[PDB]
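Only one chain comes next, encoded as structure tokens, the form deposited in one PDB entry.
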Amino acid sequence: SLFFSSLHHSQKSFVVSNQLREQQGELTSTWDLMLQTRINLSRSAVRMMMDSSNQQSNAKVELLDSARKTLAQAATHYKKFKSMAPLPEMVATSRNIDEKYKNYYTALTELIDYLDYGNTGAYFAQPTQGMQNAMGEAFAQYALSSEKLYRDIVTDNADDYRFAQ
């Protein structure tokens, strides 16, 4: 049977705590790629404001395509996050992330649609920054909750901890 290890006397504990870390990792990747999406969008939008004769304008479409690529990758990681069952103590903060993620994700997909035809006015009018900021704060909150829970688990024994259904 066990010890499995000093930190995880049963190997089930390691499965749980490792889940927890994997969920953080996939949410960190989501956030990273949403911010990369914002960067590619803004680099595209600014070039759509240029004169055609500026050679720097020529990348506007490649950059919007790169936004589409990073936003797809973000959503891939987010699905991986959601595929991993939360622990009960993480359900509330996970729902909070979900709310803010949906808002900011939707926002970014709308900006892609605006730039697709060079509609820079619709792009500027969106209050994107506030949605980004809300996601970032939700992310921070999730990370603090996760870390505190992780420390509770590894210092417990225990070796119960059961995934929420």
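Definition used throughout: the rigid core is the maximal C-alpha set that superposes within 1.5 Å between two forms. Residue numbers count along the first chain shown, from 1. First, how it differs from the form deposited in another entry.
Here the two forms are overlaid on the core, and between these two forms the C-alpha of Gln56 is the only one among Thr120, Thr109, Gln56, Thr28 to shift by 2 Å or more.
In the core-superposed comparison between these two forms, the C-alpha atom of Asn157 has shifted by at least 2 angstroms.
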Contents of the next structure:
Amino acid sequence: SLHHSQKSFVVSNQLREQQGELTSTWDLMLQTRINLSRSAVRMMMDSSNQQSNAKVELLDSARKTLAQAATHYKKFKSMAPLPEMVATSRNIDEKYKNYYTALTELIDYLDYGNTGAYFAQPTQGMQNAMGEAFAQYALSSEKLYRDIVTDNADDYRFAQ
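Please move on to the form deposited in another entry, as the form deposited in one PDB entry is already shown.
Partners and other molecules have been left off, which leaves just the chain.
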């Protein structure tokens, strides 16, 4: 009961910050995928094309976005989930790790000139599974957020 307003401001700030860190992680993972495909385009070009020499710079740019993604994901993990958010957090964890590993595999395939393995990987499915996990998380987070900011949440939900 005591200090309810202050606890509501801190928890609502946390839920927004957690969503923001997941947003950053998703966008950087998509950017990784983009940079990988740009590197693959250079590898498929003939040498005479000015843009073909950039294959390594482009693959390094994918490694950079992927590390940035993982940094934001770490930041997300640094904010303790609220009780009703635990399961959807753990679902993100599972799907994130799968997609992260997929992307690291794609980097390795291009680094070794294995363009066939690169195109064969079912990357889209892994992305879509993480996207679905993000959507479930967002639904849960928004239900909690609406209850907190409208004084319709019992104390147990705020880890009070």
